[PDB]
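Engineer: One letter stands for each residue in the lines below.
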Amino acid sequence: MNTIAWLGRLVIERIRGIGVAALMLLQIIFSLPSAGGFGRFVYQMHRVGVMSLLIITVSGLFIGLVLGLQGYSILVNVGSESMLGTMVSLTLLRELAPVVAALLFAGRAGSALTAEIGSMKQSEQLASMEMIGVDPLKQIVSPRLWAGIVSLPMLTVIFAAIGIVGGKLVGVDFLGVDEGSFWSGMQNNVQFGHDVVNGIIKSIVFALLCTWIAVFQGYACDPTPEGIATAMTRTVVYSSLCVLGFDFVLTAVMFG
Amino acid sequence: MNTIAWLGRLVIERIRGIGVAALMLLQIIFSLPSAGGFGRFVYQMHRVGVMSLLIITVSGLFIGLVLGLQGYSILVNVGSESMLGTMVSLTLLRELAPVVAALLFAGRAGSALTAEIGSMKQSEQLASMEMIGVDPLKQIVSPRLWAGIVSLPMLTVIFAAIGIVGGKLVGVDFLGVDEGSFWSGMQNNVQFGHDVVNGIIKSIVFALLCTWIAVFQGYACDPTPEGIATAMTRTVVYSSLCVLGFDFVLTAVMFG
Amino acid sequence: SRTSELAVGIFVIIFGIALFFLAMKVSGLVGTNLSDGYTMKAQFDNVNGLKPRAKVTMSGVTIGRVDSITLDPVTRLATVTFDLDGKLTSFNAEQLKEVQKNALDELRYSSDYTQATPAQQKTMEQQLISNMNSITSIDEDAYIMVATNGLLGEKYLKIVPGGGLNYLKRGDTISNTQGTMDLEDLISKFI
Amino acid sequence: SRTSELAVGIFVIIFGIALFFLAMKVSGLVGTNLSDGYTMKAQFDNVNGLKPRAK
Amino acid sequence: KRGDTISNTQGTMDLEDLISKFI
Amino acid sequence: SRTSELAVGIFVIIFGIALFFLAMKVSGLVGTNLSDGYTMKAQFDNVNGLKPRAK
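Residue numbers (PDB author numbering), protein chains in the order written: chain V, 1 to 256; chain Y, 1 to 256; chain W, 3 to 193; chain R, 3 to 57; chain S, 171 to 193; chain B, 3 to 57.
There could be a bad hint or two in this list.
Said to hold, decoys possible - Derived Cβ-Cβ restraints for the label pairs, each shown as a range:
hint	chain 1	residue 1	chain 2	residue 2	range
1	W	184	V	179	21 to 31 Å
2	V	32	W	15	53 to 63 Å
3	S	171	Y	204	57 to 67 Å
4	V	226	W	3	16 to 26 Å
5	W	12	Y	38	13 to 23 Å
6	S	178	Y	204	54 to 64 Å
7	V	179	W	171	52 to 62 Å
8	Y	205	W	165	50 to 60 Å
Stated by the list, open to error - Calculated cross-link-like contacts (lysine-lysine; reagent style DSS-like; alpha-carbon spacing at most 27 Å):
hint	chain 1	residue 1	chain 2	residue 2
9	B	53	W	53
10	B	53	W	157
11	W	124	W	99
12	R	43	R	57
13	R	43	W	27
14	W	124	W	103
15	B	53	B	27
16	W	57	R	53
17	W	157	W	103
18	W	103	W	89
19	W	57	W	157
20	W	53	W	191
21	V	168	B	53
22	W	191	B	57
23	W	57	R	43
24	W	27	R	27
25	W	43	W	27
26	B	27	V	168
27	R	53	W	43
28	W	57	B	57
29	W	99	W	89
30	W	89	W	43
31	W	171	W	103
32	B	27	B	57
33	S	191	W	57
34	S	191	W	157
35	W	157	W	43
36	W	57	W	171
37	B	43	B	53
38	W	27	R	53
39	W	89	R	43
40	W	53	R	27
Hints listed in this document are in silico derivations from the structure and should not be mistaken for laboratory results. For each residue, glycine too, the CB sits at the ideal point set by N, CA and C.
Okay, chain V solo, but in the shape it has when bound:
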């Protein structure tokens, strides 16, 4: 009965690991900012956001070419493909662009923060910063958290806009559907406040979880060159489970 004793010991440490990461979040956001805190947030928007711009724009095109090619092969048997422009822009705006653009943000810019704060912990830069008197949560961690909550909802819109334009390329200009019935099928069925705004609120709840996890794993490492790399797979797995987990809860509320 050791394996059941080891298994129960595993999920007790993972439960108290949540409670440390909850108390770490209440110390960051319940504080008025220190002098100079906006100059570092603009710089941390460059590392997290702007470097992630190339992967999202390219991969957003490749889903749009697939959604236009799969939606045409199904809607041609029933002979109604004036709804092609609807189902492409309805799959992206409420479902795929909130979800897939959080599965690529957890990889590229999610795990990179855990390496960045993690390598500062093994090389004692975090411990050296505290003896000077500077608190490392306000100095290092907090400009990285606020640059994650802002930079992902700005990236699902670029994912959704490039995905529709890419879906317009293979649907209208390669397979040969009508251009005017493509766009006029959108404005009838796709509202703004029910679909585009509910695709943004779905990504703010996703941007909080892919950043609060990816910061806590790099702050509570164990300082070891092979203990860092084991916490970069702990933050890609835990982000992809909370994205798909809060997907169903937010879909049932918004579209139920």
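Starting from the structure of chain V, add chains Y, W, R, S and B where the hints point.
Structural biologist: For chains Y, W, R, S and B alone, coordinates are given in the frame of chain V:
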């Protein structure tokens, strides 16, 4: 004109980097196996495959609950939801289960191999193994490559089976559609050799790219405790671009 | 040690279930099986989307597929080959007398035998040798047609029966037909 | 403290195994039969596309 | 009783019969 | 050797474009994959809803 000169120097090293990874693949697969090579492949199927079983089975359920809840909200306006069991099992079998189950394999078991072969390179276990005479490509790398090509197509089937069963739960037993017209809508429209086999061949081309990249990045590191962690984000990004890139090429051939 | 030999053996079991569930609870593999089939064929004047591997019905029951729809460019008419079945559509070992006792019933009737060329045993012996093998349930005055189920579904073939004193033997061309109707046909015929 | 580290082991592995029966029950591969049913019959002349297990 | 036979039926009325009769 | 690496790298990408323009032709999505085609035309009075690539 330095930034243009630095940008051209970046993509020349990334082109040469492909040619090293191509010559590394021709040395692994063009060799008859050494004595004892099957005993390590069964063990490496445990690390790559069996440890990845929990994330895929849980996340496969959460997509099925979403596909049943979104497909019902659209198909109830046109009043034809005897096609609910078709479009759920047609979205998974040819499109989502080959693609999403490769975006979670690149994170969990893809990047873990790059940490595993990467930490053997900085701590000189690979250099020490060669002076004994044992070739580290045949000894260490090659049981990890063949355990990646096998373990992913066994995992998209478990992803697709749990996704349909989960979609049957929220469609039939919670929203209240007919159970008999759910299943009989499947056997009419979903063939085996055109849909289930073409969803498996799509994942063998995906399992080759998410493993040959994730092995080469951990073999050609630069030995440095913060040079390993920069090559674990190089292998999640490059896998997610080749999954979505070879998606459109394989979809256009199979369903064009 | 023995765990890594065992916890892979479980992983092949859970793959084994979820592959069997796909083939024989989701995909159509268990429902398609031609029970000792053969092949007949026909010629049509319109096949507007009769997709291959469709279904053929006699009375609203699946007794056949579709295999090839090519033109006949000496008449510019269609050519369809459909494989029916040999247990649902023909007369089996005991059933061979049921068509000779029906050939003697309505076909070899004396008021029917006294309506043709004069003999005593010409047709009386032919109904014992022609009717024994190479014979289906389809009476030869049954003209195949293309139909569709509902107003969105695919095209399927329908064999409307009736009458019939000889049966179609093997590989035979079904006599009459009618094409499929759509908007270019109906509103040009509704007047 | 071992009873605390082992109560969580069983209470997980109940939930991990009882959820396999509920996922095997709703897949239709186990059971799916009525209570003391019977079987009538009727004979039609044209069942236009009446697949089995329809209501 | 159980196992018996209902014998009063009617068949399906399909559109290839209906629309051609609707003329 | 580095040059060798380079080469064996320009040969993968060039082969990677040879596949993308094979699988785009056999898909039907570009070019004309129907043999020895000859062209005819006609004169209508009203052709609604008729794009190219029709049947």
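Engineer: Against each hint, give a clear statement of whether it holds in the structure.
Structural biologist: Tested hints:
no., hint, verdict
1, W:184 with V:179: 21 to 31 Å, "holds (26 Å)"
2, V:32 with W:15: 53 to 63 Å, "holds (58 Å)"
3, S:171 with Y:204: 57 to 67 Å, "holds (58 Å)"
4, V:226 with W:3: 16 to 26 Å, "holds (24 Å)"
5, W:12 with Y:38: 13 to 23 Å, "holds (19 Å)"
6, S:178 with Y:204: 54 to 64 Å, "holds (57 Å)"
7, V:179 with W:171: 52 to 62 Å, "holds (56 Å)"
8, Y:205 with W:165: 50 to 60 Å, "holds (58 Å)"
9, B:53 with W:53, "holds (23 Å)"
10, B:53 with W:157, "holds (25 Å)"
11, W:124 with W:99, "holds (19 Å)"
12, R:43 with R:57, "holds (14 Å)"
13, R:43 with W:27, "holds (26 Å)"
14, W:124 with W:103, "holds (17 Å)"
15, B:53 with B:27, "holds (20 Å)"
16, W:57 with R:53, "holds (12 Å)"
17, W:157 with W:103, "violated (38 Å)"
18, W:103 with W:89, "holds (20 Å)"
19, W:57 with W:157, "holds (8 Å)"
20, W:53 with W:191, "holds (25 Å)"
21, V:168 with B:53, "holds (16 Å)"
22, W:191 with B:57, "holds (23 Å)"
23, W:57 with R:43, "holds (25 Å)"
24, W:27 with R:27, "holds (14 Å)"
25, W:43 with W:27, "violated (32 Å)"
26, B:27 with V:168, "holds (20 Å)"
27, R:53 with W:43, "holds (26 Å)"
28, W:57 with B:57, "holds (24 Å)"
29, W:99 with W:89, "holds (16 Å)"
30, W:89 with W:43, "holds (19 Å)"
31, W:171 with W:103, "holds (18 Å)"
32, B:27 with B:57, "holds (18 Å)"
33, S:191 with W:57, "holds (25 Å)"
34, S:191 with W:157, "holds (20 Å)"
35, W:157 with W:43, "holds (17 Å)"
36, W:57 with W:171, "holds (21 Å)"
37, B:43 with B:53, "holds (15 Å)"
38, W:27 with R:53, "holds (15 Å)"
39, W:89 with R:43, "holds (21 Å)"
40, W:53 with R:27, "violated (36 Å)"
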